[PDB]
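Visitor: Listed below, chain by chain, are the residues.
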Amino acid sequence: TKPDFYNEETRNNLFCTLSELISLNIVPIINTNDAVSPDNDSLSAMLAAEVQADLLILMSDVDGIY
Amino acid sequence: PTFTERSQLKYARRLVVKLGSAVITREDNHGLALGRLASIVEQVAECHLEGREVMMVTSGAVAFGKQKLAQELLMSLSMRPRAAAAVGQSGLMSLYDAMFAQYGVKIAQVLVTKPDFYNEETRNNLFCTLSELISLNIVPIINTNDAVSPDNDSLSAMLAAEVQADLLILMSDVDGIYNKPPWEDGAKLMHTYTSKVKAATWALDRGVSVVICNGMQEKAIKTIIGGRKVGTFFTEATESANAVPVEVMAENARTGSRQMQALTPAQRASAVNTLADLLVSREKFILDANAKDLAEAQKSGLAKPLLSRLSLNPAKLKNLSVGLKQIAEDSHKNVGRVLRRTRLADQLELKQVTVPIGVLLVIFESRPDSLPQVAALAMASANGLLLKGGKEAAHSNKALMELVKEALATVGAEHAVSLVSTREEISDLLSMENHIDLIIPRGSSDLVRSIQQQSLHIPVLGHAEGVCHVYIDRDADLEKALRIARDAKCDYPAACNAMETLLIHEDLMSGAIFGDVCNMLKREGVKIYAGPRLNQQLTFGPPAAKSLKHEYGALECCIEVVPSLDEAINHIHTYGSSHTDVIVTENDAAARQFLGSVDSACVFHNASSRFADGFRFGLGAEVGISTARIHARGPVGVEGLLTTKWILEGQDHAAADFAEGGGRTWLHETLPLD
Amino acid sequence: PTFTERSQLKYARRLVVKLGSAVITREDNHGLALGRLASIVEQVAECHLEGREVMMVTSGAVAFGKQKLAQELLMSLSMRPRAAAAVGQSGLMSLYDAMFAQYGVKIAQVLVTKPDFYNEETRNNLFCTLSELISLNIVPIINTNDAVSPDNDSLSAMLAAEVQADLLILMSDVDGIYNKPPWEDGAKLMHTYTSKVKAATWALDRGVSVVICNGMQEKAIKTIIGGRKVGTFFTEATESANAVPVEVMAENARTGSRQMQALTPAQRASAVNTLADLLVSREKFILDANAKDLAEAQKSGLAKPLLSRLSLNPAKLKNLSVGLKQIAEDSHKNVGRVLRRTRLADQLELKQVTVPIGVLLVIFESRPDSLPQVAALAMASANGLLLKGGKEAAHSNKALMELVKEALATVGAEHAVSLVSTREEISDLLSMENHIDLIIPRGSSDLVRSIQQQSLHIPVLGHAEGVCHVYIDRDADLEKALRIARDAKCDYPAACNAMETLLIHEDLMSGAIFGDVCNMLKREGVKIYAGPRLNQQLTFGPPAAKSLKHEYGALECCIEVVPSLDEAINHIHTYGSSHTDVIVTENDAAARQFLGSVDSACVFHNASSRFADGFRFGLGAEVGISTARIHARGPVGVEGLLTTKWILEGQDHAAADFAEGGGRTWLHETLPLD
Ligand SMILES: N[C@@H](CCC(=O)O)C(=O)O
Ligand SMILES: N[C@@H](CCC(=O)O)C(=O)O
Ligand SMILES: N[C@@H](CCC(=O)O)C(=O)O
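If you read the protein sequences in the order shown, they are chains A, D and B. Numbered per PDB author numbering, the first sequence spans residues 174 to 211, 232 to 259. Numbered per PDB author numbering, the second sequence spans residues 45 to 124, 142 to 211, 232 to 275, 297 to 776. Numbered per PDB author numbering, the third sequence spans residues 45 to 124, 142 to 211, 232 to 275, 297 to 776.
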């Protein structure tokens, strides 16, 4: 969830989980913990941020920006 | 909370399980022990299908993922934990889905963490999620968000807390809590209760009933929901003193036996005299008590056997009084009596004497008349005694108990007697050990049969079957046998010592005495069957016997005829319970033949089976009818409750002294025994 | 086939299971009983992981689909079978996939039908498919092509046939095959064997070993693969007569007991004389036999206790001969002896006499010296007898057995003796009933302990623990107790009757006698521990005792001191096994105190624990040391093998005759007993 990116200990934890995963040729599917939830795009963005990923693809319905 | 006893546990509407990390993983943490898990899910689906509300908290997903990879961990430990738990979380979820859906129930994964309980907005959120779920007949599985994790039991506890659930089940590996470390004398498994322990206190402090069972125990939930004494139950309700749980009873009784051990000379005698006097003096109270409890039984209308035997009249009390006075006057030299007097060598005087047994436990249905009888038996036999009747008579039992407690209080004054009321769970009672010696069931076949089937690793006096037998020989007077069997069956046909069979020489089919006795049984209205040989014999005659080892109790008596003495003997040994038999004849050659050949507990010659009464034998007041192959046969008086004890009073003797070195030889001179 | 006994079943390389349609569906055929199925898949995955080759044949898919729909069947039975089985086939397959893969094994559905076995081209095809599969470590599940179907057991049978598989397991609901319908006396569950029955014959005719177990029985495969006698095994190998499986032994012995019952007067006496003569006359044969078997044991080198006790010397044989002659001369009036002589009324002469027990079964480790001793006991006690030693001595046992069979053959001539060799599976042996009476273990703690833990619902003479105790009083002569305990421990310190403890008055810590006895034990090299109170007492002293209820056997003796007599008594009762104890003192007041208060099987006063030998008591030849609370205490001679039997010789008496109607009164005049 978004709060999980804000505290830093959980930042460490989740990043460790992700690194351990990717090291093992596994493609983790990253949903939000709906359970703890009152469109999840900021999530992906700041995710790539913490990961410092090469390229963020963001599919959608619209073809592009006019 | 509100619930106090395991009895209350059929009445909790909201439940929470939390499987332990050891009950599901096999003995590697490198796979999954499945059978246990299956048992768990089946029990849970059951309790839910009943209508109770359950929210599993399955610990230990790591094992699932660890097994599921098993290849990449391999190839990485040569070139290089939580992640395995994440992938296992997924897979395990699927597996639960399949299995639960096979009962039609649906489930839905839910992930939480301890911090998620601390902030209050998330408390609102998660509780809303749970309420919305439970409202929809879904069994949410509640794991921890490993992802956010550096044994998840506090979690379940405080979960139940926020939910304010009826009962928290907490399965585990250990069976329960002991008094002390197990490597220690006195590891009293503390079933109730006035780490896991802390968390349990905590949850109790949240007003929540907690229980900790053993996973490997079958049906553990269905077991524990029944109220069965298993695992460990927690409540400080501490309503009453309830002087003994079950056992300090037993130790006490041991103490009291040790006590009365030093009170032979007229002490127990005068004491039982006092008991008879209290019986004949304060009967008004106990009489009205039985009248009351009998009225209480009437509305129940249980069983004319019961509804007849729970009765009591001052005439019965006079009978009991005279029996007790008899026991008193004749119970003079039963204990401490020596049986051997021998000298092995100079100042080597062995002698073997009489000593009590210990902790006797009676069991019988509502028949308060026996209670003081067996109490007199105990007290004259100087050994302790417990009791357990049935449901009825309970108040009458208490009245008699107070009377006898007074009676023993006079001299010796120690209460080496008790009573285990309030549904002590007979099977659990006999599950005890190291205390109780002689189960003395007294009610009837059922009672004793249920006992023998339930009793394990404990001596059980008494029989269970009353298949007696009556042989008639070719040289036996006809009318003699006529009246004999007439009485044998028609004196108290529901007795134990009854002739649920009648065997006749092959020759005497000619004298139509078979017909005569059929006529007689008809006279008495006896539904007779026929033996296979007898089936062959006549045209259609009486109907065929169902099974030779059957029991009637009512006015029924199989009848069969065989060629020879020896054939009869063999049939007896084949079917007879070795309980009781009699022969009728005029040849003493055959008489002795039978006498020896037979192996019944007791055999007669021209008498009646109804003689097996002990009292009839001048054997004092009987206590039971034992058919076991040891120490006791049929009519057991008091001496069936006395063992021996070797004693020896040397001066300076030693073992190697009787070797070649010391001038110590052997005499074994049978001194005149006292 | 080739396999003959369940012993051979650790050596089958190709297996085939066929679950029954009742072991998996719950008790509705409207769902699925899962726990059983899980157990099955776990066992199967195990046997496969071992390296054996398995091909399940799961019956009963219909239940899966029936449950899975549960809605459309509902809505159609209001507006309107095989199809449900098809959809269930799919789902069930998936489920097996999940579960098996959780052990890492992979599977692959395979469908067949009975016609598919009949044409030969399809035989080729299917066999090719199966071989290709098994070659790839895959466990094919073999269902029938329901689609083409109008209980699929013939299928599995002939499947194994075409495969020519080692063993066909056929689980089911029934435990096994009986001699006859169960509603019938003699439902002998025929474990081996010289519908399912037919198909089993068939498969056997195809050279295939078949077994039919019970599904509900746990570990049934792991059980049956071990060779354990379970289910029903099938082979007509009929190699040897193997005169008794286990039981016709028992009945025979019963017959032989009945036989020797009529041979009291010097008959058994002269017979055991004959036995002693055969012992002293043909010893060369048995001596060389033991020499041979001892050499055989030497290469094994099992245990210096065993490797020492299996020995035998003609001196030992002389000892046995004199013991047997003693038993002979003194075993004159042990049986049939009357104990009571009483008259209830005119021609009412009850008397109670001595009778045997029945089928005694000894158990002991390799110690052929005891064998003839206990045989003499049996024969002088006129009751039957079985035997079971261990592994060694077996040939020696046979030699002794032949000698004694001769000895009994002389008079009476009936072989009321046997021997159960060839690994009769002691636990199964004691699982029997209705035949055996007295388990008489004789080896050592282990033996008897394993017994008591295994024995259920069967009398077991003997003890298991030798925790004795020695109290020393403040008024006891020092050197007296010195030599006393010296011997008590240092005569055969590995005995049962040993003082694995030593208790001392609190006062006598002052006279340094504690020090003196420590010195003495050192003299004898005894590793002494200390009691908690003693731990408190001195500076560091000897090390602390581990546990008070421990056992040493070797040169070890805990030592502890308490204040008072009564404290010692309580400690005894708390820890003592009530086996044996002695007091040393000069006060007889305290003497009697102890005497009474104590509850040991046997207690002494200034003697040695090593006196508990029975023979030492002039009690004839002992048979065991019993600590049970019934019928027998410690040294049990022969009379611990004699029960009683009420007999009664009336003329014309009846029950109601002693009622008010008939002039029959009560006397109970104690006639002078014979
Ligand atoms: N749940 C919102 C953000 C919640 C918040 O932190 O305001 C999202 O995923 O975009
Ligand atoms: N307080 C939690 C862990 C909190 C966390 O770091 O997530 C525990 O003791 O198990
Ligand atoms: N003969 C087979 C069925 C043959 C078939 O139609 O496939 C049976 O009796 O079960």
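What the hints contain is simulated information worked out from the structure, not anything from laboratory work. Yeah, the Cβ is synthetic: ideal placement off N, Cα and C, and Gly gets one too. Treat the hints with care, as some may be off.
[To be verified] Result set (DSBU-like, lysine-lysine): computed pairs, CA atoms no more than 30 Å apart in a straight line:
1. B:386 / D:331
2. B:269 / D:651
3. B:453 / D:453
4. B:435 / D:167
5. B:435 / D:321
6. B:386 / B:500
7. B:324 / D:453
[Said to hold, decoys possible] Chain A is nowhere near these chain D residues, computed Cβ spacing over 10 Å in every case:
8. 120
9. 124
10. 158
11. 171
12. 183
13. 187
14. 190
15. 243
16. 413
17. 533
18. 658
19. 667
20. 690
[As the list claims (entries may be wrong)] Which bits of chain D does chain B cover? Going by a derived footprint, with three or more residues having C-beta under 8 Å, they are:
21. 56-66
22. 637-645
Visitor: Hint by hint, note whether the structure agrees.
Guide: Here is what the structure says about each hint:
no., hint, verdict
1, B:386 / D:331, "violated (64 Å)"
2, B:269 / D:651, "holds (16 Å)"
3, B:453 / D:453, "holds (26 Å)"
4, B:435 / D:167, "violated (79 Å)"
5, B:435 / D:321, "violated (58 Å)"
6, B:386 / B:500, "holds (14 Å)"
7, B:324 / D:453, "violated (55 Å)"
8, 120, "violated (7 Å)"
9, 124, "violated (8 Å)"
10, 158, "holds (17 Å)"
11, 171, "violated (6 Å)"
12, 183, "violated (6 Å)"
13, 187, "violated (6 Å)"
14, 190, "violated (6 Å)"
15, 243, "holds (14 Å)"
16, 413, "holds (67 Å)"
17, 533, "holds (46 Å)"
18, 658, "holds (71 Å)"
19, 667, "holds (86 Å)"
20, 690, "holds (94 Å)"
21, 56-66, "violated (count 0)"
22, 637-645, "violated (count 0)"
Taken one by one, the earlier hints fail for this structure at numbers 1, 4, 5, 7, 8, 9, 11, 12, 13, 14, 21, 22, listed in ascending order.
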